[PDB]
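Asker: Modelling step: build the complete structure from the supplied sequences, incorporating the hints.
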Amino acid sequence: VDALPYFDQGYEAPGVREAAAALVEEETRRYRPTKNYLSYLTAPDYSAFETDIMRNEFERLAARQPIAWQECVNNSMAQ
Amino acid sequence: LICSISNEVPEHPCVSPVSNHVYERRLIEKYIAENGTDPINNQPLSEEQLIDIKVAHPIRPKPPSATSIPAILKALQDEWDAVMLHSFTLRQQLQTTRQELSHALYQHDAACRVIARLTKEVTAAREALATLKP
Amino acid sequence: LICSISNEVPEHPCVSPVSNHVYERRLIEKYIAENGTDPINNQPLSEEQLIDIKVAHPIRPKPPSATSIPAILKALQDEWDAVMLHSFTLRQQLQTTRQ
Amino acid sequence: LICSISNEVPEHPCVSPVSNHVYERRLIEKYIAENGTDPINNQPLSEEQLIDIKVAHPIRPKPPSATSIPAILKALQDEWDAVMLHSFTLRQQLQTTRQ
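Heads up: the sequence lines are chains K, I, J and H, in that order.
Numbered by PDB author numbering, the letters in the first sequence go through residues 13 to 79, 102 to 113 in order.
Numbered by PDB author numbering, the letters in the second sequence go through residues 3 to 136 in order.
Numbered by PDB author numbering, the letters in the third sequence go through residues 3 to 101 in order.
Numbered by PDB author numbering, the letters in the fourth sequence go through residues 3 to 101 in order.
Read the hints as simulated data drawn from the structure, not as lab findings.
Please note that the accuracy of each hint is not assured.
[As the list claims (entries may be wrong)] Here are the simulated DSS-like cross-link-like pairs (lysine-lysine), alpha carbons at most 30 Å apart as the crow flies: (1) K32/J <-> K76/H; (2) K32/J <-> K56/J; (3) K122/I <-> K64/H; (4) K76/H <-> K56/I; (5) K64/H <-> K64/J; (6) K76/I <-> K56/H; (7) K32/H <-> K32/J; (8) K64/J <-> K32/J; (9) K32/H <-> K64/J; (10) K135/I <-> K64/H; (11) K64/J <-> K76/H; (12) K76/I <-> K64/H; (13) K135/I <-> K47/K; (14) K76/I <-> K32/H; (15) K122/I <-> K135/I; (16) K76/H <-> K56/J; (17) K32/H <-> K56/J; (18) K32/H <-> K135/I; (19) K56/H <-> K122/I; (20) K76/I <-> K56/J; (21) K64/H <-> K32/I; (22) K122/I <-> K76/H; (23) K76/H <-> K76/I; (24) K56/J <-> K64/H.
Answerer: In structure tokens, the structure reads:
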């Protein structure tokens with residue numbers, strides 16, 4: 013269970029490149045469920061539980077969607 | 003007035019011992035109540051260790067020519083657009099990190115199986131080479 | 003302004019020069035009459051400090067209603083920055099998974 | 003309950019124990035920050051004059067519940083401040099005509 017990257021200098025990057033990912037692609041081709049990674053990233057997620065409210069939902073919909103007698107003296111006096 | 007987790011005028015500002023900033027009563031009390039930590043710095047903190055001060059914090063900068071239209075409109079769409087881009091970017095970043103973490107676990111277990119089989123074959127060939135001379 | 007209890011009502015906006023707030027003559031009269039104190043901060047006050055209107059005239063100078071302009075910045079403050087803190091811890095966990 | 007130096011709905015109204023008036027935390031914070039004094043009575047005061055009040059305000063709209071339009075409250079308060087400035091200039095002109 014002891015393999016140092018500096019132990020064998022002859023093979024490092026080309027040493028395990030194709031064949032290693034070919035056997036790993038054979039096991040992953042056999043089966044590839046998800047346990048430790050999905051269970052580890054499942055609890056914190058990104059934004060899930062809290063989700064806030066109000067401007068969070070309105071700002072999410074705005075994120076998915078990139079899109102007179104007094105009135106003269108009102109805007110005029112305000113200017 | 004100026005705060006990292008508030009950026010407004012708080013009613014009861016609360017600061018963490020690791021990072022001192024004005025925090026809301028429900029955010030620091032509920033967040034630190036569920037899991038003790040600092041909200042802004044993500045540093046370990048306790049509820050009883052929260053600093054108690056009356057209107058005390060640093061300030062921030064701001065350009066000149068402050069008006070109502072840039073504040074309301076520019077600040078509303080800029081802050082809401084930045085928070086939305088940060089939430090969506092964190093969503094895609096956490097999802098892609100979960101998929102890449104799944105592929106990393108598959109390559110870790112499969113690479114461990116190939117390393118175990120190759121190590122057992124190397125030990126078997128080494129033992130056969132050692133016992134093959136007699 | 004317009005709120006629920008909390009000694010808030012546009013009738014005789016009494017303010018005592020101890021803890022400055024907009025109160026009512028009846029609420030501060032009976033509440034301060036039983037025991038002198040503030041409804042929240044529990045600041046010392048008496049009934050003699052109570053006045054009506056603001057600077058003059060009968061009735062009351064009714065202010066505008068409560069639009070919760072700073073309260074929206076407080077709620078969106080803690081909610082936004084809260085999602086940024088949870089997303090920050092999730093980003094640190096994602097960095098550990100990448101490590 | 004209209005404040006003299008604010009007139010906006012106070013979040014944490016403050017007053018100096020000199021004269022009876024409704025002040026604001028920002029008015030006494032910046033005004034007393036530049037030069038220590040009382041706005042209403044022009045009396046000397048210290049940093050202990052401005053208080054936190056007691057209950058602030060119990061604003062129900064604070065969870066806007068999908069409204070997400072701060073431009074209504076900010077634009078309404080800005081329009082009220084501009085109308086207060088126009089009414090102040092009109093009161094100054096009418097005061098000059100009365101004099």
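Asker: So which of those numbered hints doesn't the model satisfy?
Answerer: Hints 1, 3, 6, 7, 10, 13, 18, 19, 20, 22 not satisfied by this model.
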